[PDB]
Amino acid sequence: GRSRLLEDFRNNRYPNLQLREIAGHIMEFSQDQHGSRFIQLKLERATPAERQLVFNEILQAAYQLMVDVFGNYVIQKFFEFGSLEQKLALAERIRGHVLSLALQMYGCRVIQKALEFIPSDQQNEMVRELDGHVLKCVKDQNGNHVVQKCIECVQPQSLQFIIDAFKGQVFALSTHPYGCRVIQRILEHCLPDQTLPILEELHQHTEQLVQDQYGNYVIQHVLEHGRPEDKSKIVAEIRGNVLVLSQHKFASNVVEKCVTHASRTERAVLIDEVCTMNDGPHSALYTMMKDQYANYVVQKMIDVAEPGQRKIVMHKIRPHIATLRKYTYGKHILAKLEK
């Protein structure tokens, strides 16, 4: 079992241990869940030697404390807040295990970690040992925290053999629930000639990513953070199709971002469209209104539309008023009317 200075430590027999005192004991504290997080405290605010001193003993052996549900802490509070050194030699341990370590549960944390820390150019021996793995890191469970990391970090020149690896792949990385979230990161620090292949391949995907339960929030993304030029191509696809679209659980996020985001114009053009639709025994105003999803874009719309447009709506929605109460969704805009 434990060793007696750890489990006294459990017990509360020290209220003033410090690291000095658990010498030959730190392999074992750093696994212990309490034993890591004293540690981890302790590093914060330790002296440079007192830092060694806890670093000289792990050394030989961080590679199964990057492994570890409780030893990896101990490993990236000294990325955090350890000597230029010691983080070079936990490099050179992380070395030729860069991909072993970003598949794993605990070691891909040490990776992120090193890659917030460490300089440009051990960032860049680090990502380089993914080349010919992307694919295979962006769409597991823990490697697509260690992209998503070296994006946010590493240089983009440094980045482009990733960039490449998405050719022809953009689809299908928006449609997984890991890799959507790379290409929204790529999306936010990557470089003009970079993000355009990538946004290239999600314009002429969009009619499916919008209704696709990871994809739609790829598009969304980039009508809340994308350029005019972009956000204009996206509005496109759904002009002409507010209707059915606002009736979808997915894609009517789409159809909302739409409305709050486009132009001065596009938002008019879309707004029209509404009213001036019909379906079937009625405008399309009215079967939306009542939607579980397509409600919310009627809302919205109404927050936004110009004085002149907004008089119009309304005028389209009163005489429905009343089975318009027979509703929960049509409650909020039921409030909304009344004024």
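Between two forms, the rigid core is the largest collection of C-alphas that superpose within 1.5 Å. Residue numbers count along the first chain shown, from 1. First, how it differs from the form deposited in another entry.
Residue 333 is not among the residues whose C-alpha shifts by 2 Å or more between these two forms once the rigid core is aligned; its shift stays under 2 Å. Once the rigid core is used as the reference frame, the Cα position of residue 17 differs between these two forms by 2 Å or more.
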Given for the second form:
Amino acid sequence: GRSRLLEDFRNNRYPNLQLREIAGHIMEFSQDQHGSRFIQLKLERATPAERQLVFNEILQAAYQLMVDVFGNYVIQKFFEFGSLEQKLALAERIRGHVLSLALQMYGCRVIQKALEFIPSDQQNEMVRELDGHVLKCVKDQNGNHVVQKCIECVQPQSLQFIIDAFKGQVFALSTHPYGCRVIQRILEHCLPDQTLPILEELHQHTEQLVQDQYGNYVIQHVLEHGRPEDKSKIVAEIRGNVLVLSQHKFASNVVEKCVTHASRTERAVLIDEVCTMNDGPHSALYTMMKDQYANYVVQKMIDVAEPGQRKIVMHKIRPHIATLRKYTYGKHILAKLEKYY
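What would you give as the form deposited in another entry, now that the form deposited in one PDB entry is on the page?
We keep it simple here and write out only the one chain, dropping partners and molecules.
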């Protein structure tokens, strides 16, 4: 049901098509793959009057265009380049529909863009609509990116309804594919009194989390961007378990970020842990230097260890070379010790 105008334009029949030569058709073009691209382009170089021409027609049809696979890009354009009046006018069209848009495949894309370009007042009005549906949104493949975007953009003081919805759902959520992403945002952007309760739960479950395909990513975040005190609780939980955890697909990564991001003393106490303590009938370092994952840990110890501790490790390894040569994951550990002596 494409107008002859759209058809002809979609078939190279208007190399000089001007913005004003499509008035009456602004929706039609917005829902087309080429039409939508055309509009967006001419819109950058557009005059104030031209841009109003187009706004008149997209405002009229705003919600439809928001949940459209092409229309949404046209709308996002106005949040970026439109005037303050055009932005507030679009955000007003959204009022009432924040949640259904956030769960919508294309709608969430608009929300994310609106959140990034409307004034705090309108941001705060928009976010309020999510209260009551915080976990529905987070566990959703679209919503989760809105929530993520809320945390990045809105005053933290406005996001307490979220922190309150995470109470008792920190672990369950850090083991969620989307949940874990949102936990990271919160840790990055939220206020001290908000991150406290999150970190409380995080610590109570550090053991389970470090071995979880998503959880482990959250612990790594804390070891990379977190407060020293928090780091130490994590490493206090890795300390002693260094051998077992380094042989794990997921947790082996945590152990590297402990070796890497702990204090100078803690770092030295973790490296010594594998050099001393032994494994059943074999030595710890021995087991690790040939394991498919743990071998990476070893190399990461060789790195962050100050020359003193690094000589003892090189020395501790030197005897097992021939065994190392026989195992495939011992190759890159060999590479390192070979460059040494």
